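The chain below stands alone and is given in structure tokens; this is the form solved without the ligand.
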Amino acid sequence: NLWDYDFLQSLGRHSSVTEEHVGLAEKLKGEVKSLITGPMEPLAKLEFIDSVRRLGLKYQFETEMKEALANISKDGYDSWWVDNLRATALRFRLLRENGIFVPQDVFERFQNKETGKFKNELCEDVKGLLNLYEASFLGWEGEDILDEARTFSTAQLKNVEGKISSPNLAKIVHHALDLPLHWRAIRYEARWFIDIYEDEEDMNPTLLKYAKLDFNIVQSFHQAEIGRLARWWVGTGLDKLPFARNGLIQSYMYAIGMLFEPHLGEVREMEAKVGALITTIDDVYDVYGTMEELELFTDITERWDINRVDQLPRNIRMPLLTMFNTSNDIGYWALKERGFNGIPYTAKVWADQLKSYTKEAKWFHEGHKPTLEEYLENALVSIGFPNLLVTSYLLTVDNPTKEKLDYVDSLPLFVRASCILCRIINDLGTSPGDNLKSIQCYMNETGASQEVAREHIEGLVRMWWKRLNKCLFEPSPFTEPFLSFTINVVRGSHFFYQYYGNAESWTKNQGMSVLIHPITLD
């Protein structure tokens, strides 16, 4: 039972992953590496590299994938894609995803020159439409052809979905209309796509076998992490408090969206601890504490001074001291492991986040209706992603310095974009009197209907994505893995804030299929 701490605290004690499995994975990895670098027709190679990514394995082959695509992009030979929408769109997306610029004008030949509308003759090319839809999300601001490609391909895919013969292709198109691949969380999409790929006609059985084995090996790390985190959480006693039922496993599932690789296990555990405390303390500020209790919680945190903590009731004192202790533990890990005391930075982002909660609480108490901009300036902090992302930078940056930490903590556009997206996606996740959420703020500000206000907020999602996309073609003071963390928290937000069955059964199925049950090997 995904929700049961007895079961969770036992996870990791044993695994059905053997040393046999690991040796087999080493052998299969060498052949997949060889397939990516080796001879293939260029469309077949793009399709292979896309499958590797969708199976969750870009982390194993990123150098080979980049080297293969660099080769393909430096081709005098272009007759294999020019005039072929499916090939043009796949090439466009995979090159932009891997830092190789392709201009939007590659799609101009598929438009009517008078209207700028895509040609009627495309309206029944399902794989072309699907590739053009997926490609459109790699667009930047002012790339008008890609804005049109999105609205055209969405409308045409909706129209043709029911006309598709191939049951696998129909499943893929349904999945894409729910969320484009660019917006999906990698680990969750990997588990979905392993089953889809197995049923594809062009399926490579070596790649499928590697995908299953690597999936199970990575899952064994996750199970050991969940065990440690569940034992920690029960140790805090916060599992017994009223707030955030299931906050620990909710946090961890979101963290798997941010980062799933085994080599980032200790970072992931620390991010998951912070996320569990965010959901708990969100409830303290929202429901449980009095204004005097919250002001004292905030002041203690701002001063990093726990002298007055016994003035708080037990159920508020315990979350505060766990936030304090965990923040000190995480800053200390940075000192021991990375040579840099991170406590000033964990304490600062917690103080900022509690200030942002206190401001929401004061707006509610005084019946304030902020503007959308006023709300988002605060709500990009209250969502918790400045806290989580600054922490993740602290823990991973090579050669941490005060200058480097001060720059990320200042939320430059790349980082701020991610934080705003996570907030507005969360707010959109509530289906159609709360003056303090995105849609209602915009309604109060402009007198828009809910429908029109929702469309406006959805347009902001697309805009901020375009800004992220372009930021990734610019030189950055950031490097991997932080560059990936910043994109992947947004994909974790999309995945867990969508709107048969119910939210409970859907979540349980994702947790059980990704974290608990191995994939069956023959």
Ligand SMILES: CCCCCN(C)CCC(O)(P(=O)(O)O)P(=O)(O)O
Second form
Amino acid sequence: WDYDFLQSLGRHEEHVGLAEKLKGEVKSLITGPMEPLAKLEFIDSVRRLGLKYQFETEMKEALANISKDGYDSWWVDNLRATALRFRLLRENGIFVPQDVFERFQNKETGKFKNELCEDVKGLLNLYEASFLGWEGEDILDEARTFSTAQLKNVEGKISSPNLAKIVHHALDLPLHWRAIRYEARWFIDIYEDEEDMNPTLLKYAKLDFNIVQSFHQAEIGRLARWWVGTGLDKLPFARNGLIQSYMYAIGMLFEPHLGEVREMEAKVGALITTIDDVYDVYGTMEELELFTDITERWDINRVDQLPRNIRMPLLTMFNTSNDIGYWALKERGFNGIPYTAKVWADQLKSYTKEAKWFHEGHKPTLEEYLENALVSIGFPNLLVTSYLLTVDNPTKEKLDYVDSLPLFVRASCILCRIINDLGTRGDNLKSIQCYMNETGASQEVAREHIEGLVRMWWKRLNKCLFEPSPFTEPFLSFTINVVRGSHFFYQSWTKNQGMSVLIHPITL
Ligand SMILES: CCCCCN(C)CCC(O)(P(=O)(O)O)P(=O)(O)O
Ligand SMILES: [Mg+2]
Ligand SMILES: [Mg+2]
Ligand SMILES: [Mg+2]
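Can you return the structure of this protein in the form solved in complex with the ligand rather than the form solved without the ligand?
Every chain and every other molecule in the complex is listed next, the one we just looked at coming first.
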């Protein structure tokens, strides 16, 4: 990554009329007659190509009327149709019971019938649908285990390279857990080779992708300029994480109309990865204690006591925090500086508890560690910032409620932390080793336990999305998509993902 070259991008196309024509056509298709299984497959194709943000209402209405049609003959007895309907309806907020899978099980033992290994597409759809489940839905747990076992069994026996690629991709990460934009870039190429491929939808996908990528490149140019202006790229003992943070933010939100929010999120992310290193890599406890005190008091009057290599990240945090709070004051009429200050103070207190534990040789339980680490991962900061920047009529009360980390937000933060600990030269007190110290458990027993925690908290997020809350569409999607971006990173192979998504356009 030549940041010299990324300041280039965004400085330097009219396909927008054809884009609007293709959008009207795809929209008519979504409203079109569409025998119901074909309509489901089309809606799911539109989603996988990253186009749901264009056709929100049409997709919702189409799925709502599919749910309310008078007859079930078109999907019952059909595993692919049953699973796809389950998943899409339950993604749309329309509950479907797990009972619909019982007719594919041996009615005595509850096991899915081994003969289903003859239906690869149905197995894939059952697999994908299983990750829409909640706690206590045992049929969906069984569906996950069975489908994964069978798919890995037959992956070597599949001779269609396209379907082998799809099966391998699903085994890497289920669709429910995948970052939308990167998955869209992958599935454009995949969809171009599918059986019932619709060329109108494919062309619109490619064109819309290039346009959104143009917005992204302008954003990257501005952010690289700012980041060089901070001088933080030239820190020897701190990660140069501007482009990594922007990739995180793309996973969190990719819509062009949210661009400015992205930039701020990106900024915060960068600073997070810098300050963490200040706390994890190169910093005296006296230096970090002073860092934390200054941040808690929001008072930079004694900042010159710090060496300039620490003084620059601290003051960049300070000034960017004030800038974002003032953006809130100006554009939303609400001074957000106290809340950016609060979230940074809380995150530095979490960093401080972690560093103090290390120096003390403390070995916390997994629960204690996680209580601190859902904050130290930084996503309370990022999510409260996104809420500040996007909520209608911001108030002290709304901000206090979101910053209290209710179950929905707290589950997303926990997931980000434990996913990063599964993906992880620093502080070796992470999730796995905390559990090992707790229970004396094995390396791999602890790892599988943490993976089970991943599944459990995803179940809780799924059930949260069905339950009333004072949160609305954009923040909802933010909360899910930070977990998806975490899955994206801690599965450089991430570098070439950035090249394919943010740098190179799609040839048309
Ligand atoms: C974009 C904001 C999240 C990016 C990841 N941050 C660096 C978190 C820091 C960590 O996760 P990292 O593993 O050091 O990257 P930590 O485990 O030290 O808390
Ligand atoms: Mg770290
Ligand atoms: Mg750390
Ligand atoms: Mg770490």
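Shifts are known only where both forms have a C-alpha. Residue numbers count along the first chain shown, from 1. Each form is matched to the other, and the largest set of C-alpha atoms that superpose within 1.5 Å is called the rigid core.
- With the two forms fitted on their core, the C-alpha shifts between the two forms stay under 2 Å for all of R245, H174, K402, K336 except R245.
- Relative to the superposed core, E121 has its Cα moved 2.0 Å between the two forms.
- The rigid core superposition between the two forms gives a CA shift for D352 of 0.3 Å.
- Residues present in both forms were considered; between the two forms, the rigid-core fit shows Cα displacements of 2 Å or more across three or more consecutive positions at 243-246, 433-435.
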